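Engineer: Here's the letter readout for the chains.
Protein chains: 2
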Amino acid sequence: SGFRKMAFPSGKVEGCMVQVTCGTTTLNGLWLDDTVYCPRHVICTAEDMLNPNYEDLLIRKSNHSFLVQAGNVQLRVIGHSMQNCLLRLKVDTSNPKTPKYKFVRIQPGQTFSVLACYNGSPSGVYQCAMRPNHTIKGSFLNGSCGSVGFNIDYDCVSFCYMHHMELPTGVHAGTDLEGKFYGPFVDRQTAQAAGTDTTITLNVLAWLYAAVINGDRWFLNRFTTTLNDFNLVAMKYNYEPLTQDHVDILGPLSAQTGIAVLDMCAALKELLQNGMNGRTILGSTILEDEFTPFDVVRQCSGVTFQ
Amino acid sequence: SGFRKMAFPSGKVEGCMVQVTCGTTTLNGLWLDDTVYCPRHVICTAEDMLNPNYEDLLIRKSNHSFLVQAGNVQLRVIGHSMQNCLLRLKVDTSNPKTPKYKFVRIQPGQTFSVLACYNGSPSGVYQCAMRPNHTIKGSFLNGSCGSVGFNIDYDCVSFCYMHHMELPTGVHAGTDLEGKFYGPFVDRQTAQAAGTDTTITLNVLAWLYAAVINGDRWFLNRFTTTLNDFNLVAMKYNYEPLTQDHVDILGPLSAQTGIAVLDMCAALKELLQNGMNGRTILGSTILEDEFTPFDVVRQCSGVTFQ
Ligand SMILES: [Cl-]
Ligand SMILES: [Cl-]
Ligand SMILES: [Cl-]
Ligand SMILES: [Cl-]
Numbered sequence: 001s002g003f004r005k006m007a008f009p010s011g012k013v014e015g016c017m018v019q020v021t022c023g024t025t026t027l028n029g030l031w032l033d034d035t036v037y038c039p040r041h042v043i044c045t046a047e048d049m050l051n052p053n054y055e056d057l058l059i060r061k062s063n064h065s066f067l068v069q070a071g072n073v074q075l076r077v078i079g080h081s082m083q084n085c086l087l088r089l090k091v092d093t094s095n096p097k098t099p100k101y102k103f104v105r106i107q108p109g110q111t112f113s114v115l116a117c118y119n120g121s122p123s124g125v126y127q128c129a130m131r132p133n134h135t136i137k138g139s140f141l142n143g144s145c146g147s148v149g150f151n152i153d154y155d156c157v158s159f160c161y162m163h164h165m166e167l168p169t170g171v172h173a174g175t176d177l178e179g180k181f182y183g184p185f186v187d188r189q190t191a192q193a194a195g196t197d198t199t200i201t202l203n204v205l206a207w208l209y210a211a212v213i214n215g216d217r218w219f220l221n222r223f224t225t226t227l228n229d230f231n232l233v234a235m236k237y238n239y240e241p242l243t244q245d246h247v248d249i250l251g252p253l254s255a256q257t258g259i260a261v262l263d264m265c266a267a268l269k270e271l272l273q274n275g276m277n278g279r280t281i282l283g284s285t286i287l288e289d290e291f292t293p294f295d296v297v298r299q300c301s302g303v304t305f306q
Numbered sequence: 001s002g003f004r005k006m007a008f009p010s011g012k013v014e015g016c017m018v019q020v021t022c023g024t025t026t027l028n029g030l031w032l033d034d035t036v037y038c039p040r041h042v043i044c045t046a047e048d049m050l051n052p053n054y055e056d057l058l059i060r061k062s063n064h065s066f067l068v069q070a071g072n073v074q075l076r077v078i079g080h081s082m083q084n085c086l087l088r089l090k091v092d093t094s095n096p097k098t099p100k101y102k103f104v105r106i107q108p109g110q111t112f113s114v115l116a117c118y119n120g121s122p123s124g125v126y127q128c129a130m131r132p133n134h135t136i137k138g139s140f141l142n143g144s145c146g147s148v149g150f151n152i153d154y155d156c157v158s159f160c161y162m163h164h165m166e167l168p169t170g171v172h173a174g175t176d177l178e179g180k181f182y183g184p185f186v187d188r189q190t191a192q193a194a195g196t197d198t199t200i201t202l203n204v205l206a207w208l209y210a211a212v213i214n215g216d217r218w219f220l221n222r223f224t225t226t227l228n229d230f231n232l233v234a235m236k237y238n239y240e241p242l243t244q245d246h247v248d249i250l251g252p253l254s255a256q257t258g259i260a261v262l263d264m265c266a267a268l269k270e271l272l273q274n275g276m277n278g279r280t281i282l283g284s285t286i287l288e289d290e291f292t293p294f295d296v297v298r299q300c301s302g303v304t305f306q
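So the sequences go chain by chain: A and A'. A prime marks a further copy of an entry chain.
Under PDB author numbering, the first sequence has 273 at position 273, and the numbering climbs by one with no breaks.
Under PDB author numbering, the second sequence has 191 at position 191, and the numbering climbs by one with no breaks.
Because the hints were derived from the structure by calculation, they are not lab data.
Some hints could be false.
Identical copies go unnamed one by one, so any copy, or any two together, can satisfy a pair.
As the list claims (entries may be wrong) - Pairs of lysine-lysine residues, derived as BS3-like cross-links and limited to a Cα-Cα distance of at most 27 Å, are as follows:
id: 1; residue 1: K90; residue 2: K102
id: 2; residue 1: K12; residue 2: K102
id: 3; residue 1: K97; residue 2: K61
id: 4; residue 1: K61; residue 2: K102
Construct the complete structure from the given sequences, taking the supplied hints into account.
Structural biologist: Here it is in C-alpha cells:
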C-alpha cells in the first residue's frame, strides 16, 4: 500500500554524467559509448545569448576547445559536430558503463525522472511530467544545464530530456537527445514565456483509479456522462479534452476496479463541480495530474483492495 | 528556481542490493563488504509470524539454509547471526561495489530517500520523512521487505532504515541497520497500529523560508509572537511544539531572508488560524512538512530572490 511520486533508480545514468567546459562556461554532458552530448549553448559567451549564431560561433573553435571531465579523468575530444540544439563531442574513450539505451521524444502528459547534476556530479533525482505547454516544473539552479530526464524499461534506459533553459515564471524548457526543443522555445535569451497550461485529464483519471485500487471509493457516484458532456465541463475548468484514445488507455485500470471510465468521468466532473470539500484523495487535497496510467499500474497492486 | 521532493541519486546503493531467500520467503538484503543484512522475519514461516520465537526459529537452521543472489550470482553463506530484528549472513565474497558508508539512527522529523526493491532488484526511489509516530508513509508492495532508506553526504552513504512491516492504516514500520525498530513496533503479526501523528513544525517553517527564498512573500505579516503563544496555537492544530532548539536551527534560513523565526511563527499561526484561502505555497494548498531545514538549504539558492 501507499502511493508516492517515484523516480526510476538513477545508477545506470549516474555512470553517464560528465562535465563539459568551454571557456568560462561549465555544464553537464551525457557520455554514452565514444560520444558526449551537451547543450550547444555551452559555447555561447558571457552573454551573447542575446543573439547567438551558432553555426558561426562553433566554426570559431576546435576539439581542444572543449574539456570533458569524468571524475578526475580528462577525456580528450577528437571530433565534435552540432545536432540541432546540442553538440556531440567524440572522445578518445568509450564509456565503459554505457547502459543499454534509446533516445525517445516523449509526449505532453508523459512523465520521466530527472537526475539533477552540477559540474558533472549527480545531486538528486525527482519525477515530473511534460506539461501540455511543453515545459516541466523542474527544480534546477545555475549549472544544471545538460541534466537529463529518462525512463527505464527492463534494463534499457530511454533518454528523453536534456535541460537547457529556465523561463520567466520559473519553469524549465529543454530538448530531446536529438537536440530538438520541446515547445516553441529557442536557446537564446529572448522574451519568450511558457504559454497557458491545462491539466492532464488522462492523468487525473488514472490517479482516481489508483485511489480506488488502494482502496478508496468516496468520490464515486451513480452517474455516467457522455464524452461530449464531459468535455464541455472539462474545458470550463481548463482540463484537456478527453478523447476516445484516452478513454481506451484507461481500459486495464477500469477492468481491475469494475468502474467504467465514463462513470469515472462523471465522478471527476462532480469533483470539478462540487470541489473536494475538505476531503483528500491519496493524501492530496487537489486533483493530481502528474501520474500516468502506466505509472499507476507499475506502482499499484495487481490485486484491487475491494 | 523550482522546489520538488527530491531523493538522493540511488546508484551507490543499487550496487548493494541482493535477494535473500529462505524456504518459500524471498526478500531483499543489503550487501556491504563480506556481509548481507536482511529482516530476520525472512525465516518465519508461512505465517508463524503470529507468535515467532526467533532465537529458536534460527537455531533450526544452517548457512546453506539462506541463498543470496546478486544478479545471476549465488553468494555462498559461510556464517550468520542475529542482531536485534535483523540477520547478518556472512558471504564468501566481499561486495566490490561497497560505497564508503555509515549506519545512523535517524530522528523523527528527518527525511531520507527509499530505494524500493523486489527480489533484489531496485525499482524506484522516493523521499520521505520519519513521522513523529515512528512510521513512514512509504509506498511498498509484497516483496519489498529489506528495501533500505539512506542519505548521502559527499561520497558517504548513511544507511538509516530497513523496511520490515506494513501497518493496518497502510503506513510502514521498520528498523535501523542495527536491527532496532523505530517506534514501539515488533516483527510479529499482532494487533498494533500507528499511534496519532502530529505535523513536523520545524519542517513546515523551513518550507516557508523556501517559498520566500524562491521569491514568495504573501503569507508574511507585521506581527511577532512568543514561543509560548505560538505553541498554545500549535497544540490546538496538532503541530509539534516548537522549542528554542528548532528556533536556532532555522537561524541560517532566517539570516538569508531577513525574516525572524518568531515572525515566521506569527505568519504560520496566521495560516493556521486564517486557512490558506485559495492560495498556494510553492504549488501546495496545504502546509508541507516533509522538508527539513537542511533539505531546503541543499536544494535552494544560496542567494535570495529578494
Ligand atoms: Cl534549430
Ligand atoms: Cl536553469
Ligand atoms: Cl527485540
Ligand atoms: Cl510491506
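Engineer: Now, for every hint given, state plainly whether the structure supports it.
Structural biologist: Each hint, compared with the structure:
no.	hint	result
1	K90 to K102	within (18 Å within a copy, 39 Å between copies)
2	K12 to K102	both (13 Å within a copy, 23 Å between copies)
3	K97 to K61	neither (29 Å within a copy, 40 Å between copies)
4	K61 to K102	neither (30 Å within a copy, 47 Å between copies)
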